[PDB]
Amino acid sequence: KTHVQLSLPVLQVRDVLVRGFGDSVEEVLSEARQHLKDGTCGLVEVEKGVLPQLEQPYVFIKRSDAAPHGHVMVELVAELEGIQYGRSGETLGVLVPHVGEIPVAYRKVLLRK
């Protein structure tokens, strides 16, 4: 399928133990997609002070369109030293590995895969 319904655990930035997916734009997009498939991906909502507490390159979920079955359609965009790889809509948050952190909420998305 081109899209997959997911419910992503929303994590507090200060709880996150593994603060990014790797060391290159291509690696972080690869690992993000792998963790999304394996159900081991979390979401951090972006506010002032969040991104400096995480590791670049960043992987964002961005709104790809205006929301089936209560799931916002999203796609992945990576960022490194202020350059984005991908072009999309509003940021829903930054993706991180999930390794058992307790979430504050869930974000229902339809992920373009």
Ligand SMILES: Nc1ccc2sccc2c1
Contents of the next structure:
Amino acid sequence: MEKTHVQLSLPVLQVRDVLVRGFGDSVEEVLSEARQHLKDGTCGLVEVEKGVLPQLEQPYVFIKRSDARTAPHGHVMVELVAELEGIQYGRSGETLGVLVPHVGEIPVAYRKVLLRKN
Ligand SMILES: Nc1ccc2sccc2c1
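May I ask for the structure of the form deposited with ligand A1H0G bound now, the form solved without ligand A1H0G having been displayed?
Zooming out: every chain and molecule, the one shown earlier first.
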């Protein structure tokens, strides 16, 4: 049925190219839509630099590194943590980026992850 982890290659997008700048309007919604878009292959990743977060829509969904030992074929193990008004629901490791819908924008790279589905 549903393995706990799935290997994915996510398109990395520059923030100014992103057309849909968040997944929804609550913490529960953004996590739910992030997971659906991951399942459908319509999820992109924006790497965080200065000025990136203010250009995206809260609540944010981050992918964070969940394990230090495991990266099969560079698929870094990650889990999802959401943020609303400065509070994060969950705790994990280093932030690898912020997830956004992908609607056909051209990426600058692909990031390989081993995603904890829940
Ligand atoms: N195949 C696939 C890819 C990503 C995700 S996220 C939750 C379920 C799921 C399934």
